[PDB]
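Participant: The lines below spell out each chain.
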Amino acid sequence: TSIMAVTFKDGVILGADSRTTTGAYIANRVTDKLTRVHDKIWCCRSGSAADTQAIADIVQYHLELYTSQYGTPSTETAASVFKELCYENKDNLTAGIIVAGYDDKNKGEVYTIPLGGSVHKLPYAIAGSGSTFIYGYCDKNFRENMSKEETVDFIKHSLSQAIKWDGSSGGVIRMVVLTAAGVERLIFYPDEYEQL
Amino acid sequence: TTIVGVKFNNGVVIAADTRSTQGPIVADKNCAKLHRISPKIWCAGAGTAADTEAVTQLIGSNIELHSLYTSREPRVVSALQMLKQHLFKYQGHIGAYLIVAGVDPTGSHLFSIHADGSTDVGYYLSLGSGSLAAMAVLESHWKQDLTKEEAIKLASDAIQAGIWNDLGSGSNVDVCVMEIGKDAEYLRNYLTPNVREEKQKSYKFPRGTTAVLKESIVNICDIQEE
Amino acid sequence: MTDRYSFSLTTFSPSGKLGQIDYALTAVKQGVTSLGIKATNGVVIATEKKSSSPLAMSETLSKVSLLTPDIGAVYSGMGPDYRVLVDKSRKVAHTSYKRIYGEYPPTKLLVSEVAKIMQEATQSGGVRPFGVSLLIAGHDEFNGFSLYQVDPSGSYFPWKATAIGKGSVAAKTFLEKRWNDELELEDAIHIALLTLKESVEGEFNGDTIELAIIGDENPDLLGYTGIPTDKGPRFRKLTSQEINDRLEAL
Amino acid sequence: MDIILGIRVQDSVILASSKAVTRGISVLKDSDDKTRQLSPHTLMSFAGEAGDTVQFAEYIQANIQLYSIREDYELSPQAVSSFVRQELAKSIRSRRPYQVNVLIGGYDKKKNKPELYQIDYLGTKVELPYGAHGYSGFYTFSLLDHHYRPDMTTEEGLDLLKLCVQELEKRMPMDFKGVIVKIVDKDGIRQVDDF
Amino acid sequence: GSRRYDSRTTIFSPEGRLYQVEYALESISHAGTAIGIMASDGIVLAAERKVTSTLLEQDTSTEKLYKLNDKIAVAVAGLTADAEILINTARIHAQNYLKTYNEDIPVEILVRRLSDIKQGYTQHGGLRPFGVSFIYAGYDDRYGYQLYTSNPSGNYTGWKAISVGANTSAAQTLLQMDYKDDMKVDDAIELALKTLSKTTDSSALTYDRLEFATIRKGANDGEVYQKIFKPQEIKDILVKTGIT
Amino acid sequence: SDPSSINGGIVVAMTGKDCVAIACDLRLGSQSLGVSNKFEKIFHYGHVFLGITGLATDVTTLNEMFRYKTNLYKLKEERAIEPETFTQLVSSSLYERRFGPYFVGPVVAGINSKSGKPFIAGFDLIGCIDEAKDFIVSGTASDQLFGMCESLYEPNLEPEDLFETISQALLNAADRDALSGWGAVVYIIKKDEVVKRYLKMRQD
Amino acid sequence: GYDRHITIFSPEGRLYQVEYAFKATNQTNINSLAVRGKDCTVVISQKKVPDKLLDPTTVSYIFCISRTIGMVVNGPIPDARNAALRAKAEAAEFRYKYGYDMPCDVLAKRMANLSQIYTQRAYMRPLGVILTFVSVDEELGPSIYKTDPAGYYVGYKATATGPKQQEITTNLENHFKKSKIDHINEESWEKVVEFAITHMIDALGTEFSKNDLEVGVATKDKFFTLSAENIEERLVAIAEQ
Amino acid sequence: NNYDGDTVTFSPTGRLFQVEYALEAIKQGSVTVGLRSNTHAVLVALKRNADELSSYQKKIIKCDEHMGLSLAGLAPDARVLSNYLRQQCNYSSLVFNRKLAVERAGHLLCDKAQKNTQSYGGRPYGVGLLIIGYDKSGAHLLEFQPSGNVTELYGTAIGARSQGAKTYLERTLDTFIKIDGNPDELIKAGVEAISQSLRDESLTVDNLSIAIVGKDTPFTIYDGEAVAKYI
Amino acid sequence: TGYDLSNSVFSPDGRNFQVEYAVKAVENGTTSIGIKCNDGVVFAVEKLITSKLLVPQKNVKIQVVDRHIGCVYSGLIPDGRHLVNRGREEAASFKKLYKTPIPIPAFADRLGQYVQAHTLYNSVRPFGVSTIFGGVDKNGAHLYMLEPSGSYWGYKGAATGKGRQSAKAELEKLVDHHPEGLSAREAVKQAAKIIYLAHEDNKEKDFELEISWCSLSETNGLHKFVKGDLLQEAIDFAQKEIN
Ligand SMILES: [Cl-]
Ligand SMILES: [Mg+2]
Ligand SMILES: [Mg+2]
Ligand SMILES: [Mg+2]
Ligand SMILES: [Mg+2]
Ligand SMILES: [Mg+2]
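Residue numbers (the authors' numbering), protein chains in the order written: chain N, 1 to 196; chain H, 1 to 226; chain A, 1 to 250; chain J, 1 to 195; chain B, 1 to 244; chain I, 1 to 204; chain G, 2 to 242; chain E, 3 to 233; chain F, 2 to 244.
Extracted from the complex, chain N is given alone in its bound form:
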């Protein structure tokens, strides 16, 4: 798995590959790893697919019930709910989740919740087995307040390299853009990103 979320001038974009493996067998080559827990709060999942799906479903439920009572939750609140589940059940979970969301007050925000269930607010985050190979590239190429097109290129190039080196990553590069304008889904095929 190769996943990342990057804040930019107009908000935040989540990116992911689409490969799900059972050992060396690709059980699903068109997986959607970008998961909606609220209208403009999404997450990238890594680790046990069962665990991260279970967690995400519970979070989506919590934020739906939150919204009915208190109105739209902040991205921080969503990250807190994710963290509560991941931290308190750390012995029985294998989940690495990146939470990304857009407020109008706070704009684009990214929170990463690694294995232990700690929370880390970052300008951008990378996770999954493929992320190891792009720490160097991402650190050298990330800038704050990039444009939408620059951020799409940054994620596309980054995940391209992650896919290139990581056997557990591959397929299509999916992206979800979170801004004031709304929610936009993007997809990029191998013939596009492999020639980068």
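Don't take every hint at face value.
[As the list claims (entries may be wrong)] Below, computed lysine-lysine pairings styled on DSBU-like, alpha-carbon distance capped at 30 Å:
(1) B:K67 with A:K98
(2) E:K138 with F:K59
(3) I:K191 with A:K231
(4) H:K204 with I:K196
[What the hints assert, rightly or not] Selected chain G positions facing chain F (Cβ under 7 Å, derived; list incomplete):
(5) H6
(6) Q18
(7) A22
(8) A25
(9) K53
(10) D56
(11) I78
(12) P79
(13) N83
(14) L115
(15) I118
(16) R122
(17) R126
Hints are computed from structural coordinates only; laboratory data are not their basis.
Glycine included, C-beta positions come from ideal geometry on N, C-alpha and C.
Guided by the hints, dock chains H, A, J, B, I, G, E and F with the ligands onto chain N, whose structure is given.
Facilitator: Using the frame of chain N, we list chains H, A, J, B, I, G, E and F with the ligands on its own:
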């Protein structure tokens, strides 16, 4: 076991082989792996056969009660949600790997679900020991906008690949077609490409061949009057 | 909090009467008339859809309910009590039978389970009895067609034909004159409609009358083909049009 | 403990049980009675893990005595053996199972028949003309298979039992310090004090 | 709080009587009469259904006589729904005993168990008692044919002949008059039906108002047979005994 | 150590023309030690027959459990349980112990009293139903039984021909298994008569 | 006479505590109305802010239960909010368990079942509220389902609740007797709201300012309440013809 | 009247009669006085005997080295509440290495008493308590009522005829608050205060009970000949 | 009759008399008020000096919940403390799960549902307090008042206790004369005046004034007690207005 699911124009088709095994021994040569969750929601199971049957009947039972409670026809996403939350709770100990397909007022659906509770969406799926043989066929011949006839053909061909190439699979192909605005048609033994040839010899014994010590009538009737 | 009513609310009076059961039966008496008639090849259950307001959509209120594919129920008395009993009856048919034997319960045993639930509301702590009498019609392989009445006490009786609620006394007399052991289902439906007309004041048509039958298997209502032994539900609710057709031959 | 034998003859059941109690290195006792009278005409011998044997036997004894008082009636050997089997079958799936094997020798006063039941710690019950637990059967069953007759007298049963014990004393590596022998018949239970 | 509405179902009166038990017995005195008669070669159970209708499906109807197992049956007087709760519990007790000892439950042990359950509702729990009186007809190989009765107090007693329900005073006097120890089942059948015929509050005793059962060793050889009489069979025995 | 092969034993069932047959060996052992030659593994509840192989304590427990349940069934239903219904009851009962199972291999045989149709079914220890048209096998010599049945069996055998087929299937399978044998019983079941036959076989 | 204090039967087979809970329903002296359009379901309710010290924005008897379901309540606000919180919890749980949004009629049935329990169990009192649930259901379309303290519920073409429900009900009845259809034949929800307000004005015989009303609108995939300025625009359109 | 059957019932005027009846038990109790300066806090209690053969019922209970109380009313209820205070003082020391503030102790006693006034089955406590203590903010005196009301005071009195002592303390307020660094004079003021509540009987050697806590003074109770000095 | 003997019983009117009797206990309590200002809220309460022996400024009545919410109540003081203890548990669990401090409307419903729950059963007694509370959250200032029935609304100004009618009239003048709004420092002064004016209903004994406030500019949105010079300034302003 080889099970597949294939989406088409106006619905979805699932298929399965009919061999159930205990290690290297074939327990049943004509096993029924296509299970009904509700009239138009069917699924096929691989893994622990009792678990696939039990989890299907439990969710099927609760789906029926839910349908009666809500005065609505059951949805595939409900069966999926109930199945995955049940399986997740049991942390993989219930060894049910299912391909869940069906039609409902929302449309036609195809999902896979693993014993750990993880689910997936697709236009074509395969599960079981013969899934790699089946997926090879599906990856070679699947296209968008398949007709009903093309999907049945593709699904059964994928099962055949499992039958012939996977030792865990064999015997016959069962199919179930779920089309929007129609009754689901269950096609038991859709293909029968493994009929045993006539034996060289009849092994019917002469009467009185077996040595007998005692004979007696067994009273299966209840205590009698008078 | 905690339910601190752990004592019976139904008790024996000096005369031996169980007051709350008697009063539940009084509530049933005030209820709209419902009836059941058993034929040789089917059972019919019927009632009036007493609409509380003309702005109300009375089709959304089901007085006749499917319990199993071969068992249906109707009531007289308190509607809400009936609705929850139908929920419990549907569930108990699965939990205490179908999940054990892989088949739906026979009519008499489902009736027995419903009766047990109603009996317990008559003895358990901090509850009142159910204010309904039920008429449960059904079919099963070994008992054939049957019709049962279940009262607030939990007592149940099998009937050839009967009526409960408002005009039950007059209706039962009407049924006694008309019933014989050679009735076909269509004859029973005809008698049901005749009997029900006497207790209905206002409009008498397919929109104001609710009627269902337990009869032949309906393979068209099964929802799937391919299993020969599965032939479809015997319970079928008659449409507004189907009722009106038989009201011309009335 | 170690060797427990049983033989059902014409009119009685005979139970033979070793006297040794060994705690690892030392033989702590050489006169231990590995049996409990459950009712006037029902005797149970036992062997298995230390502590659990006596605890189980006395627990069964207490229960049968309770039944006897409540109903003013002695349960048949068959009924007692079924009760015992269920307790062991229940026990085997417990948190800590009773590691106890038993022989139940009883005289049925209704049928006027001796009855011997063999039940292991799993709750495996069999009615036998003769039985044993542990390795005792391995040494003795070939002798019992040869000499046993259903019409044997009590004295002939004891003689066949002596031959079994002699073979045990010859070929068994452990010194089980002889056996206590008890006879169950229509008159009740008695101990053969010279064996 | 809740105390205000508590009837206190399990208290003594100043005279040392249990209010609810006494009132439950009053309820049972209005139930249809049930009679049990024990003979040397079997037991008879006869019981009157309460004012019935012509539209009642009699052949599938059961309100009085119930099977507990193959050897033991009961006649019910009181609330039928209450009785079915206890009957199912008794059926389970019998099976529990059979599983445990691999022998059919002795009649008295079953009777004592049900009676103890009734007793519990009079001493603890604050619930109303079961408004039921049972006549137990049964056979075991210890005491042979046995008749018992139990009532809401949980007290039980053994009988040669006994009635419960309505008009027990009149019924018991009639039974006491004509019962003899060397009596046979066919004679007991006649006594039971004659007694009901005289004590009934109905105008006449007919087949559609009766439930009937016999427990006989009239089962081929060393075994016992229960016979729950069919409507036609009750009609025949009424003609045979000369009541209709 | 393996609970399903401590005591040993086998059961086989077959369908014929308007008849079914169910048969079992009589051995109970403690691994190598033969303990009993009268341990019958076939039981019946009304007209429905149940064979059970595996751990002997569970064999006895399940028989007592199904006698318990079919007795209550009969009291409430006012009729004897049918093979199809009983099969579901066995499956339900086994699966309720999914994570602490009875170590058994049950086999149901019988004729539906209303349809007259012959019925057989097999189960794994946790309730999965094998409803074969031809034959069902179970026990420590199930491989041997599969081999015998697959070659010896032909459909629509008359009761007295089916007896020879099932007897020879059992006997020769048992003689290739150390933990099976020590006698054998065969039930021939017709709609309203059942014949029980004890077979003569080698006692080693 | 303790049969009047708890939910047990009176000698007439009546439940007085249920009947008295119906009377508590009108304690707020507020009337509500619900009607269905082609694509929408509109609910309007009187808004009375009798104290000048109150923050009028917090005075409401319309609740957003889920994204799709709205609920107006007739009865005291404590019981109203009790029911609101429960309905929200039930709707959220439903979606989690069954993987789709809880239908309006199913929620109504669920809340009706809960109410039924209070009429049968002695330790729980009935809630003194009538709950009108509205949505545009994905299967049934525009939906009005109303629940009461007896545990009764039913679907409506249109409905009214409050002290003057009869006047509004008859007014609505007369309109649907003319049109002979089960809904307001109008494309936009704005005009369905205008219809609802107009017919409440006619039935009650009172004029309304923007602060005298409260409006909830259900469309496909969302329920929302109108602001005072949205209502003002509605009132202006009504006056201009 | 119709509203005094239990603690869960308000009267039509909004009163809780069971609580008021519990308050009445305190008025029947023997008089006890509390007063403090800026360095010390003192309890004085008139102990009551059953007869001339009996002992005099103890009135003062130590809760910690820095805190304790005197009681008036049902003595077993005081034992329950003082035990609770001991535990709470102890919890504070063990978990937080912190001496429990007297004001916080009052809040805990209030909340414990309150739960017995709003629930069915229970009853209010039938005792009044005067809690003295020396913590990080100096000397403190609290008055506890079983209604739940806890009040911080310079001085007070509860029990029968407590009004006489309370008026005296209200007069002497400006004098006794200034008695700093002189334990004996503060006790004298308390003994003189409690004397305004005596009738027919006077303070004897087994009648009088005195407690003191202060800056460098652990909570200590004086009985017997230890109080003869003050008689 | 007998409908008023048990909580949660509906009278034939549809009334819960036990709740109405709880209101009588509230009306018997001292006067407490709340004033919503431009960027916050001000709470004030009348503390009756029963005796000279009461230590001044020690028996604090106003309570903080979390760090941003103030609570004051009239009636049975212990009941109010019990409610605040629950509120503190509610606020803690909210912040634990959602990270952000509990919003004031959210907090209002938590108290509301809890108080309403004590009108559902006869095994509990209704709260004998009306609670005025509020503070600053992400959407600004909020003032609430909560009754024994569980009923609560948002307020511009709120008053309860024995002198509530007097106080309300004073609050209504402020609302009319300041449509643009009141400053936090003005509100503190006005709160002092209103309590002094409302003390006419309790004129027998003298009293002690206690004021607190949460203001975005003056206290950084945290609840603080008005102490020392600012309190004295408010007391002086109040004393000047009554003369
Ligand atoms: Cl529900
Ligand atoms: Mg896991
Ligand atoms: Mg790759
Ligand atoms: Mg062999
Ligand atoms: Mg051998
Ligand atoms: Mg209630």
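Participant: What hints, given by number in increasing order, does this structure fail?
Facilitator: The structure conflicts with hints 14, 15 and 16, although it agrees with all the remaining ones.
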